[PDB]
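Visitor: The lines below spell out each chain.
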Amino acid sequence: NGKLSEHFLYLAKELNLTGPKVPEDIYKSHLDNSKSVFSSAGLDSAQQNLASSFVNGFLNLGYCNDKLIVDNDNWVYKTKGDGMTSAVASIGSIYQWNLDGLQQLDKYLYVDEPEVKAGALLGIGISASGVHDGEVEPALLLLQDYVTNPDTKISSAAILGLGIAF
Amino acid sequence: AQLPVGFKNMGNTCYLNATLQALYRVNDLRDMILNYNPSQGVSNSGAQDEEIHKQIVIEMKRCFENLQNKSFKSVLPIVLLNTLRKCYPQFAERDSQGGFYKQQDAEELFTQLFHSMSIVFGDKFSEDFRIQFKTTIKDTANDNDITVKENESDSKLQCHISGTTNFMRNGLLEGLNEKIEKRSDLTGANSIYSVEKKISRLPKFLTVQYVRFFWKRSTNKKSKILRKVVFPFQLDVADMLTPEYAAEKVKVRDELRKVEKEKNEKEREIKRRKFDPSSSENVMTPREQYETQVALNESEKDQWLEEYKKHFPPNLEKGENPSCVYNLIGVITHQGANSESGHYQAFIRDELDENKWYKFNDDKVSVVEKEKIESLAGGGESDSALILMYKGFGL
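Protein sequences appear in the order of chains Z and 8. In the deposited numbering, each residue's number is its place in the first sequence (first place is 1) plus 331. In the deposited numbering, each residue's number is its place in the second sequence (first place is 1) plus 104.
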């Protein structure tokens, strides 16, 4: 980009296509075929109560609709401990490789526990990977503010996040 | 209730262990023992060893409470044994390590224990083991002479397995044909008598003692009758019962059948719950749900037993079995012909599942089946019954 942008046959299409924005778009077409699932696996009670939540994430690799499962705040607050952190990050993994599904994560970022704030930031990292040269919703916009907050857990999720997304 | 466990051994007390677990598993017997306090005293002052007999009973209390406990495989039989030596010189006998006691005949121990409970409780303990017989005494050569006893009775029935036998069942028949001779020829010669007993009144609890220890004359050794026997799980005694007594028993048995089915109906519904996981309750092992269910079951079973007993006619007398069927609850088996240092093993039918049995090889617990006990060939090839303990159905 700059060679292409100097010629200016079209500015936008070339930037998008050099950038990873077109790689986000082709996948959207693909998902429909492979079939969008709300499928979860994992069992209740004890340390599996933590697992089942996380596992929904891993099973919904790449960009997938699992919007309605996520929309329940029940499952998220039902996780315990440090496991709460991993839950919010894994919601980002449902929405891996794509901006769309930011909104659910932002909610966690403001509310309750220090634990879920760190989780929200890590997950926003995982999701925003589908950009680095589209420069459409930069990672930097979200991620600056939490470096400044001196709490160690919050900052750590966030400055690792920057590393992944760009 | 709570599962039975290891019974502390310490060498040469094998026989002693086996008999004690055996008595415990009888439901009635356990409670009376638990409910024994020295305040109620001996119910007979006909015995100069009245105080000692109280003391035994108390040490068995100790043992029983601890046996039940899943925690304690200790029961401390060190003191109990000491007490036995004082009470009876049979048990002071036989040189050994530490005290003098060693391995013995579980048959000897069982008769002596029996009197101990009998004196403390009185006639209540007794009626629950009294067997009446209408005994006909006919000389084989003089059949014409027939002398009849109607008030003959005994606490214990002998199964003779000497003479042609292949089964416990056959041996119960041969056991009625004891043979005795009589110096009088006013009863017709010095010939053997056929002595034929029919049981005209059953006790709640039936004790079978194998008679089989003898000195084999020809080899000049202690021996025991080597002949095969096989003991079926379910016993039926309908043939030995005099017809007139038998009819009443078949009718009673039917009310009992109904309860046995409602007991096994709600039993199945237990197994399902455990099979499934615990689902949501959140950061919990399944184990905590599960223990609770195990507790329900033990309660439900005692409750079902009480239903059989309440439903029995008020015509039924205490010290009569309701029925003609009995269920096998305890097998004291013996191994080795010598009992001078033979070894005793114990099989005890599991409480929580009657279906299952625990083999208690002294302290050491291993799981076996009810079937495994049926499949025994008996004799000396395998462990073989010396004392069998039989429990009236539903008690």
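Hints in this document: simulated from the structure, not taken from any laboratory. Cβ atoms here follow ideal geometry from the backbone N, Cα and C, with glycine treated the same way. Accuracy of the hints is not assured; some may be wrong.
[Claimed, not checked] Going by beta-carbon spacing under 10 Å, a handful of chain Z positions derived as facing chain 8:
| id | residue |
| --- | --- |
| 1 | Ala-372 |
| 2 | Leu-374 |
| 3 | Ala-377 |
| 4 | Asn-380 |
| 5 | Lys-409 |
| 6 | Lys-411 |
[Unchecked claim] What follows is a list of derived Cβ distance ranges for each label pair:
| id | chain 1 | residue 1 | chain 2 | residue 2 | range |
| --- | --- | --- | --- | --- | --- |
| 7 | 8 | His-415 | Z | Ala-372 | 49 to 55 Å |
| 8 | Z | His-361 | 8 | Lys-378 | 43 to 49 Å |
| 9 | 8 | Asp-406 | Z | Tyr-408 | 55 to 61 Å |
| 10 | Z | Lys-359 | 8 | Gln-397 | 48 to 54 Å |
| 11 | 8 | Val-471 | Z | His-361 | 55 to 61 Å |
| 12 | 8 | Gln-397 | Z | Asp-356 | 54 to 60 Å |
[Claimed, not checked] On the chain 8 side, residues computed to face chain Z include the following (Cβ under 7 Å):
| id | residue |
| --- | --- |
| 13 | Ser-382 |
| 14 | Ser-383 |
| 15 | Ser-384 |
Visitor: Give a verdict on every hint.
Guide: To see whether the hints hold, each was checked on the structure:
no.	hint	in the structure
1	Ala-372	violated (14 Å)
2	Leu-374	holds (6 Å)
3	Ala-377	holds (6 Å)
4	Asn-380	holds (6 Å)
5	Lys-409	holds (6 Å)
6	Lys-411	holds (5 Å)
7	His-415 (chain 8) / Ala-372 (chain Z): 49 to 55 Å	holds (52 Å)
8	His-361 (chain Z) / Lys-378 (chain 8): 43 to 49 Å	holds (45 Å)
9	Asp-406 (chain 8) / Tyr-408 (chain Z): 55 to 61 Å	violated (44 Å)
10	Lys-359 (chain Z) / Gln-397 (chain 8): 48 to 54 Å	holds (50 Å)
11	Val-471 (chain 8) / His-361 (chain Z): 55 to 61 Å	holds (56 Å)
12	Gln-397 (chain 8) / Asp-356 (chain Z): 54 to 60 Å	holds (55 Å)
13	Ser-382	holds (5 Å)
14	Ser-383	holds (5 Å)
15	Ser-384	holds (5 Å)
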